[PDB]
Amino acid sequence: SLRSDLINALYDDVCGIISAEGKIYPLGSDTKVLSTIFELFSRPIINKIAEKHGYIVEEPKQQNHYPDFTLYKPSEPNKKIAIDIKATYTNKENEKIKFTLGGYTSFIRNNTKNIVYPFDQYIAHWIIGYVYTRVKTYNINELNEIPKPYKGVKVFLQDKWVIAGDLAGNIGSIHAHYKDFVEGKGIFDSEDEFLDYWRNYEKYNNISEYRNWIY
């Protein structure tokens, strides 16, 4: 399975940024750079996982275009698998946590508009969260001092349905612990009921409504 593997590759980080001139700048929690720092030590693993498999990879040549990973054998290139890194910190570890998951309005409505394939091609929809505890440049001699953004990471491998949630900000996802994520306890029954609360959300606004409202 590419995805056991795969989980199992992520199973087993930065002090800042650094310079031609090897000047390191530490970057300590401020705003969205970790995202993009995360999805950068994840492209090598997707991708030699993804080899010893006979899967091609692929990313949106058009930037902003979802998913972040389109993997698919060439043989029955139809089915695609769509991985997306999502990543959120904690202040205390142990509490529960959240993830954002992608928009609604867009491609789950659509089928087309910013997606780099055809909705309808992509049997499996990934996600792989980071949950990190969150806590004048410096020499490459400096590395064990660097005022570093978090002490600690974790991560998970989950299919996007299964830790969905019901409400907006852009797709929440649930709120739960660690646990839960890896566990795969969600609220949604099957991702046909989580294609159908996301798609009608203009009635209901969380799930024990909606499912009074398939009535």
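Residue numbers count along the first chain shown, from 1. Note that the rigid core is defined as the largest set of C-alphas that superpose within 1.5 Å between two forms. First, how it differs from the form deposited in another entry.
- Here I123 does not count as shifted, since its C-alpha moves by less than 2 Å between the two forms after the core is aligned.
- Annotation: Cα of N144 displaced by at least 2 Å between the two forms, core superposition.
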Given for the second form:
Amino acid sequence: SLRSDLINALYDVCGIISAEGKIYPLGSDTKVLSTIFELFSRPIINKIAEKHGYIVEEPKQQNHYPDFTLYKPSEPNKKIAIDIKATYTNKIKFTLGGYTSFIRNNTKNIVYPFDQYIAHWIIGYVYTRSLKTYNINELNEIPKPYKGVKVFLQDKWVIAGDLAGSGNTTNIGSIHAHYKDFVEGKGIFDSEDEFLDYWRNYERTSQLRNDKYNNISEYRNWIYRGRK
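For comparison with the form deposited in one PDB entry, kindly provide the form deposited in another entry.
Next up is only this chain, free of partner chains and other molecules.
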């Protein structure tokens, strides 16, 4: 299938190269990598989609989820969203998007209405942590600022957690497990419906959550009480 091939396809940057052949090495910022990984998945996401007859689309306008929207023109409401993410192993975790945007307002901050996607994949890259230029002839001497990239493709609701991944930028956090857990799909939600209900009703600050729920158990008890 589209999913199996993609996973199959997905299984080392030297730096930015300028049109004059000079190569600037990467820096220590963890920022540079997340984007680097998108650039690396791009060709693959595309060759596989095409092979399967999907069209790929990236956001045109800013502040929009997801990195890649795959779909057939024939099946407009069976859209697939793919989001590239990465973090360094130091048990790993991810921020998985806002809980106050599109999941609460179907058309807020998403390239296509949320009800139009029937899958939300996360391709996660996991990795391990000279100020001069080089030429192609000396690629072998350029310092890599990370090693052991490992990746997995996995449905989002599956690895989603019950703790927010950020504060002022209200992000859903993922489970705080081992790479094998994301791959294997060991999560905490019974279903996607639960995943969504939990995050659609999550409050922003603890102060508002203490009177409602702050974890999956408390939420389930919250349902029992009558969502009151």
